[PDB]
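Start from the sequences, fold in the hints, and give me the full structure.
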Amino acid sequence: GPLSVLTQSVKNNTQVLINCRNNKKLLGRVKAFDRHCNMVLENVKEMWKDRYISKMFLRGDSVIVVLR
Amino acid sequence: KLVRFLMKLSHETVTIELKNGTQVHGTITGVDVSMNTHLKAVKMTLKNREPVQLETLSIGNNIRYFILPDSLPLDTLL
Amino acid sequence: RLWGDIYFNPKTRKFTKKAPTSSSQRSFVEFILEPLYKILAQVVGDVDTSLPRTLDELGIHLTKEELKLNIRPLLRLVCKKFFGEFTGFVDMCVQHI
Amino acid sequence: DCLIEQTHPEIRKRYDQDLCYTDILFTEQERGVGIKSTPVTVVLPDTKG
Amino acid sequence: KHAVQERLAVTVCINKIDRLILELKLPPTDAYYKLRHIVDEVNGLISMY
Amino acid sequence: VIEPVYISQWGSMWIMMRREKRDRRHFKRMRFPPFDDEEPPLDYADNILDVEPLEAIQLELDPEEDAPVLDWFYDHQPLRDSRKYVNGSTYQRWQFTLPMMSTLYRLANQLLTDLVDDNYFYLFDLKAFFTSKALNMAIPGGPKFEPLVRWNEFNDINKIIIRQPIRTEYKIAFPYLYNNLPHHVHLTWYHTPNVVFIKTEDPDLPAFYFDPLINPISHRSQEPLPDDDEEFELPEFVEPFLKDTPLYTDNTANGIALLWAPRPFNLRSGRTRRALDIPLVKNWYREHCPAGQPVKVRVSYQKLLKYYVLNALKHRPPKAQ
Amino acid sequence: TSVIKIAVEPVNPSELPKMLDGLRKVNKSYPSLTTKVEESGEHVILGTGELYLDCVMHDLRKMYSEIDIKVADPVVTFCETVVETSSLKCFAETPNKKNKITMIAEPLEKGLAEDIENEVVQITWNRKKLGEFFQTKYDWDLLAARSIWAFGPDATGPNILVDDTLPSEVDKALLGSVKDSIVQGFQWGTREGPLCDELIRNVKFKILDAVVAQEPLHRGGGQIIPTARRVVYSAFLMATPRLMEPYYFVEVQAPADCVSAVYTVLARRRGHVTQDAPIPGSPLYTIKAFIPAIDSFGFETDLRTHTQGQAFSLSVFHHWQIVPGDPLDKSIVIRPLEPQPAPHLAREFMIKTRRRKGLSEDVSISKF
Amino acid sequence: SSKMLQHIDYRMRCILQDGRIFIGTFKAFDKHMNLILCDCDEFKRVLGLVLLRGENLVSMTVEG
RNA sequence: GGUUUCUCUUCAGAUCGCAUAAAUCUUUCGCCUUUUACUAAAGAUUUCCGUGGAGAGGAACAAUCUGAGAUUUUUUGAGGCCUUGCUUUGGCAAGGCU
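Sequence order for the protein chains is A, B, C, D, E, F, G and H. With the numbering used here, letter number 62 in the first sequence gets 62, and the count goes up by one each step, no holes. With the numbering used here, letter number 4 in the second sequence gets 4, and the count goes up by one each step, no holes. With the numbering used here, letter number 38 in the third sequence gets 38, and the count goes up by one each step, no holes. With the numbering used here, letter number 40 in the fourth sequence gets 40, and the count goes up by one each step, no holes. With the numbering used here, letter number 47 in the fifth sequence gets 47, and the count goes up by one each step, no holes. With the numbering used here, letter number 238 in the sixth sequence gets 238, and the count goes up by one each step, no holes. With the numbering used here, letter number 3 in the seventh sequence gets 3, and the count goes up by one each step, no holes. With the numbering used here, letter number 54 in the eighth sequence gets 54, and the count goes up by one each step, no holes.
Just to be clear, a hint being listed does not mean it is correct.
Just the calculated beta-carbon pair ranges, DEER-fashion [what the hints assert, rightly or not]:
1) 117/F with 87/C: 31 to 41 Å
2) 37/D with 47/E: 21 to 31 Å
3) 37/D with 43/A: 41 to 51 Å
4) 172/G with 95/C: 55 to 65 Å
Sample of chain B residues with no beta-carbon within 10 Å of chain A, all distances over it, derived [as the list claims (entries may be wrong)]:
5) 1
6) 6
7) 40
8) 43
9) 48
10) 52
11) 53
12) 70
13) 72
Rather than coming from a laboratory, the hints here were simulated on the basis of the structure. Think of the CB as a built atom: it goes at the ideal place given N, C-alpha and C, for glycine as much as any other residue.
Dropping the structure here:
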């Protein structure tokens, strides 16, 4: 709820790092969330070396943890 | 919200990575309300092998990550 | 199933090509035209008696100053709130042009 | 005019008289008839968004 | 006739349906009959052209 | 005053004046001056303060048909004490309801026009009269003005084909086409779509009903229908949106008639105007004069139109001050 | 088709080029607008209707030019046609007096001009396909069906060139060598027009003889075309020509009580009601009628005036008919301002158009 | 529930959740992505008509 | 997070007014001995009868009122395990397992 809105505000104001369940940590500006925990992030570098991507949409089933 | 952006970006060529390590890059033709999508001219890279050209590839929710194109403004769908 | 002499049976809840009873309207009349008639009749005739009940049945909420408008801009506002943005014309030009 | 008012938020039709966005010539305003065809480039959503 | 002869896709919208309701006060079955008559006339004109 | 209440009150006045002149055997004018030049002015307290006044004109209303205006129709300030109708005792803004608006529209029937659109005023409106003044040419129904401004081979008689003469009306309707030197000319409004509105007489008929004045449709090659009962039965608790709502009420035809009412009667709310600023008879001379009238009243119609056009032409927006 | 013709003049002649610049400006701003300069020096604007030309003239007077401008009365542009065949087998010859062209002109059938103008048949078709198209529905001979050379004043124009030469088929290679120059002579002759400098329509030009000089070269290198123009004009003049007047199709939407009043307006303007019908689902009526285009000036204004603005009409170009008079009757006297009756109409239109642009006298044997 | 219309009659190559790859002509599919395909040739074996569940099909590609 | 009413200040570019008067000046007319008072058109300005928005102060009434606010296919367990190179010691890349 409001904690997800605060996390989206932190990801708009800074870079949020999310570690998925597929052993990949992606750091970048997360733009949108979802009710099924799907995350849409802009300019995200995912390390699993860090590879850069412009826009990445990930389903919430493969997500594990996230932080600012 | 994210499904709305995925349906809105269903014209340009995008790259979708499955949970099995298969990555397919091609032009999205139709994306449903679920994660099932259809792609054309897909230069699908095999799992630690060479890529192949597929005319029409249909993917349940087996896709883990999808690389959306750069056509995404701050208020295109927000 | 809407347009073109298809009738609706609420007992079987099914759309048939044959009218089930006499004086039974078609699906386009009963499902599309008659609620439009009832919406415009409730606006232009019953703006103060049964209009907020009718707007509550449609899930449309209006402010106090919006109900003080004259009949043509209020009806325009009610139809804009009900039908929303213009999407059928856009879908026509997508799947037919 | 309806498509413009759907797209443009601060452009609103007046209550008494009809707005006419594409009729930009004053001859079309005084005559009340379309004279010259006008193009409009707009971005519109469908039912699927 | 000109749109058929220019080889373009043709779609039809029926504007001013409120004139069937507020202005003419038709019953809704007769409004359906008028709309179907309009559609049949346009289809007959296209099939003739 | 509220403008529809004022117009309805004067329409009721018009009805009782016509009835009184029809029914009285000998109407007698009061003499002028009522008092002599040496008769002193009467004291109010000695003569007028302690006598009961006589009756007013006051058209009696039907308690059934004219119910929602029956209580307050003949007050000085009609609904000033009420709060849900007027804004207060400064009596500035008014909000009314549609049944009593239809009652006022019925009561003001004698002083109102029968037209539903401006297509009656084709070459008989303000822009046409401005063009007519600027060209120094006039329709015989319209007014006349002073001139504003005061060899050609196009006027050669051996090069001009005449089948129909170029009249005044074509020089007004298309003024840049048929006039050399057009100056200070206003383009008239073109055709407006015809308001095909059917007036119902009896309230026993339904509000949505095929009138005999409308021509029948008489509808007389396959449709892309789906398969009959193959699939797609409707789920439970789905319905048309307003199934419990009736199609039409008793106020529906009155509201539909109020949609195409004249200018003060197609409103739910408005601002009160001064009693000087309401011309009750402007629509009478803004239309054409009826046939069979004598010369004197047609000249009166022309002069009223001339004064109206001269008021509209010289009008400027007011300054700040 | 833009058929309404309006002459335009500046008030001060010293401001003559300025409005000319504005004329170029209105030619930039209207697609179907045609501006011509005649031999008389006047400038001619062609339009489709009264409202269209009113908008053009308002834009000329207020936007692209500040010059006060005189406007003439509106007229139409006519065409030229024939009724009966060439009674005399007329002919002409080259300035190098070896080639001799003999050709006669006769009118076409009913559907042929509208079949050519709607591009049902083209010159890019197969010769056998074109011959089958003529033979199945026009019952032409196959010799005549293979005889068709060229069309009209332009591509898909409503005139047909047919070559039927039996003694000149022995040098038909040389006939095909001069065929192209015969074609441009035919195009120029049907584009210009000898009667009142208007277009020629619904004529079949049938060649009878072609005495071509053997290997002409020096004489067959440009002298063929004005010879062919004189042949076309002389064959046209010997076949009782007529003026060919445009007609408008008018649809009127009216209330039921005003309909007969609409008839009255057509009674003053040489019109006739094609079809009166009630509109289904509406309390109005549709009156479809045909009017002459000359009598159509201010028809809408008179219709709205006589019906208190209730009846409204729209009008568009439909087709052409023949003027009831004869254009070449010298015995017809023309009153200078009286509206002429029906047998004097073509003579009046002829005389006034020729006084408008060209020479007053017309000679039937002016070429040969 | 929408991909069955475009591949109603054409043969397709299917990839199951066990890593198996098959080729066969699909006939009909259910609303829960349970697709029935005839002549499903295993890649080397032949199985004929077989129905696959929605969670079984990891990916699909159009063969015919 | 009240209404009504009174007064003052400021801004009006909306048909500020779904109504419409008068005056001054400069010219053209008409009447015409001359001057007011006049005729009726244009242009440039003003006055008057009214109006809208915002702010401030006062008085009388309700004293609140009006708001915003889990397993059964595709969003949760098919989860663990040995070997090869790196070990970047949290594991990655490859095989049969269950």
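Evaluated hints:
{"no.": "1", "hint": "117/F with 87/C: 31 to 41 Å", "verdict": "holds, 33 Å"}
{"no.": "2", "hint": "37/D with 47/E: 21 to 31 Å", "verdict": "holds, 28 Å"}
{"no.": "3", "hint": "37/D with 43/A: 41 to 51 Å", "verdict": "holds, 44 Å"}
{"no.": "4", "hint": "172/G with 95/C: 55 to 65 Å", "verdict": "holds, 58 Å"}
{"no.": "5", "hint": "1", "verdict": "violated, 5 Å"}
{"no.": "6", "hint": "6", "verdict": "violated, 6 Å"}
{"no.": "7", "hint": "40", "verdict": "holds, 20 Å"}
{"no.": "8", "hint": "43", "verdict": "holds, 17 Å"}
{"no.": "9", "hint": "48", "verdict": "holds, 14 Å"}
{"no.": "10", "hint": "52", "verdict": "holds, 22 Å"}
{"no.": "11", "hint": "53", "verdict": "holds, 23 Å"}
{"no.": "12", "hint": "70", "verdict": "violated, 5 Å"}
{"no.": "13", "hint": "72", "verdict": "violated, 5 Å"}
When the structure is compared with the earlier hints, violations turn up for hints 5, 6, 12, 13 and for no others.
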